[PDB]
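Next come the chains, spelled out residue by residue.
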Amino acid sequence: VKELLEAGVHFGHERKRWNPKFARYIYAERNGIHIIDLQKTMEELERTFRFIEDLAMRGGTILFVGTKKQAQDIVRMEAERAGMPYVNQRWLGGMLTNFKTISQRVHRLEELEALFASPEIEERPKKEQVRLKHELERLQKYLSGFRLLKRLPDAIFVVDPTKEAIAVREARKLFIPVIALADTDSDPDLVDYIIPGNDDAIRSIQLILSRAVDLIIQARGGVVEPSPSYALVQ
Amino acid sequence: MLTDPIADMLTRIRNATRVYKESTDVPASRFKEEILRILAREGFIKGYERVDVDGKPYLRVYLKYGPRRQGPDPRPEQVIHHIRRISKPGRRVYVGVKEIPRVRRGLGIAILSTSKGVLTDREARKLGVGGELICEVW
RNA sequence: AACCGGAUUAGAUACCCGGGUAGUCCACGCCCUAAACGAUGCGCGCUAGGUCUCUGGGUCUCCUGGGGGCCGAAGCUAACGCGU
RNA sequence: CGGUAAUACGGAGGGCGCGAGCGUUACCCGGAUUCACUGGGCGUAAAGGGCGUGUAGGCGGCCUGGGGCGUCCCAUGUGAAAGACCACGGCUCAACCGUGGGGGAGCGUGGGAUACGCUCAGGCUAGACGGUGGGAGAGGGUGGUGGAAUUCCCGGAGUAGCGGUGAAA
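Chains as they are written, first to last, in our numbering: chain A, 1 to 234; chain B, 1001 to 1138.
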């Protein structure tokens, strides 16, 4: 069930803010805007999903990254609808790269789940009370989907590679293959498996992402509903 | 007008490949054709073909690269890493058969024009003839 | 410019003030220098784009020439930068 | 390096390097791609001529044919000896020496090739120039004319100052 779904309103997006590297994956410039060829979207989408399968079934790990308004919450869903880690709030420099050291923050996060419910729940010099228990805040805020990552991922799934270029560059440095939902800002050449689509339309992001998580579960049996994600659409 | 049609061609090719174009034109001459077939035969270009663009003869040259490479910067390796004119109209160059250079322990090639015709260096060594050392590739 | 004065100043052949000749303006003939600077010789082909603008043409949200600017692909550079 | 702790001076011990030599000075090549042919450069490092016009000179688009000057190939002649190089040899070795062998650009002669460069003879229109139509412009030369302002002269009116500076004069 694809075909026209994307053609809902999730074809073409950005306008003359382009990157001529994307000249291939475009149909026409109607009414001032760029409109992306969907035949080609599919051509790529298969190969891309086919990648997902082959490493999904092998029991891989995809690191999901979306931070635009229009993604964000739709990432902490489908990622968690998959047990797959995600970055949602802000991409920290060296997440893949300085990983060992960024991890030390998770090493130190879950020292607080301990003292969440412990003899240290309503005691200790109680200015420390809030500050320690408001330190977990920064921690829970940024490392929500990141705590699961215990080893470097086998892939990264991105929704805007020119927004998330800092992550991508980290990937490729580590040869971690880059998967991305990407439109006419983004430089294809450094996106390994490409889903030429729409970095912005909240509909588009979901239509694609959710369905890609579907294969991640289909490759381990037990698919469900249209999935807990239909946004505050209006 | 154009001062070195051949040198211009090598360049057009050089320039196209570094941005990884799939194709280039070069206005057409029979001598240009003869050089092209060497590149072609020796595995540097996918091939050329004649076309007439805006009413006048060009040769469409089809370039040829490597596989998308691994890490940061996935740009392919070039098949033609180094194409270079030797005998320019300023300083014309002629080797005899004894002085024909071997480009890069053989992994290269030197297009070289003789009275037996346009040849690689091994072709010309074998045929036993020298001439205008045209350029070199690898 | 010079020079003649007034100031200021340790002095002040200067900076400030008041005067003032050559000169600056014109004609003709000389002089031929300069940070005569984009400190980048002339011509031609080739090599992403975005944007501002002067001037043509066209089917006139855009396209297509020729100029003037900035940012910037590839590449270049010791760097700063340069980048149709 | 040396100004009271000197591995840098002078000395001694020791050690390093060579050895019937070891140092010194002079000169040549080197390294020096530091005159760059191989093999460099000129925005700010030294380096673009203040700008043009165009003399000689250098360089020259696409197609065909003739000539074969450049270029290339074959043969041949020349390239003395010594030297250099490889072998074998003669002085007990070597230095020295002897015998033999091997190349070689360059130039001459005869023959041959014609892709490129040259030349001659035709072609072509993409470079250049021209035709017709249209455009913007402090591009240049000559005459002419306009308003604002300064200075001076004349008149009216009017009175004790103006000016100038940081302050003054």
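Possibly wrong hints are sitting among the right ones.
Claimed, not checked - Now the in silico label distances, taken between C-beta atoms and shown as ranges:
no., chain 1, residue 1, chain 2, residue 2, range
1, A, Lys-16, B, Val-1019, 46 to 54 Å
2, A, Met-42, B, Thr-1011, 22 to 30 Å
3, A, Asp-37, B, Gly-1055, 49 to 57 Å
4, A, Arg-17, B, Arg-1041, 19 to 27 Å
5, B, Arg-1041, A, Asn-98, 50 to 58 Å
6, A, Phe-51, B, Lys-1046, 23 to 31 Å
7, B, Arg-1060, A, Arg-138, 37 to 45 Å
8, B, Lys-1046, A, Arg-50, 21 to 29 Å
To be clear, the hints were calculated from the coordinates, so they are not data collected in a lab.
Cβ atoms here follow ideal geometry from the backbone N, Cα and C, with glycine treated the same way.
Consistency of the hints with the structure:
no., hint, in the structure
1, A/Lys-16 x B/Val-1019: 46 to 54 Å, "violated (21 Å)"
2, A/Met-42 x B/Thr-1011: 22 to 30 Å, "violated (40 Å)"
3, A/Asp-37 x B/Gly-1055: 49 to 57 Å, "violated (32 Å)"
4, A/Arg-17 x B/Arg-1041: 19 to 27 Å, "violated (45 Å)"
5, B/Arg-1041 x A/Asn-98: 50 to 58 Å, "holds (51 Å)"
6, A/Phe-51 x B/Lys-1046: 23 to 31 Å, "holds (28 Å)"
7, B/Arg-1060 x A/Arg-138: 37 to 45 Å, "violated (60 Å)"
8, B/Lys-1046 x A/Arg-50: 21 to 29 Å, "holds (28 Å)"
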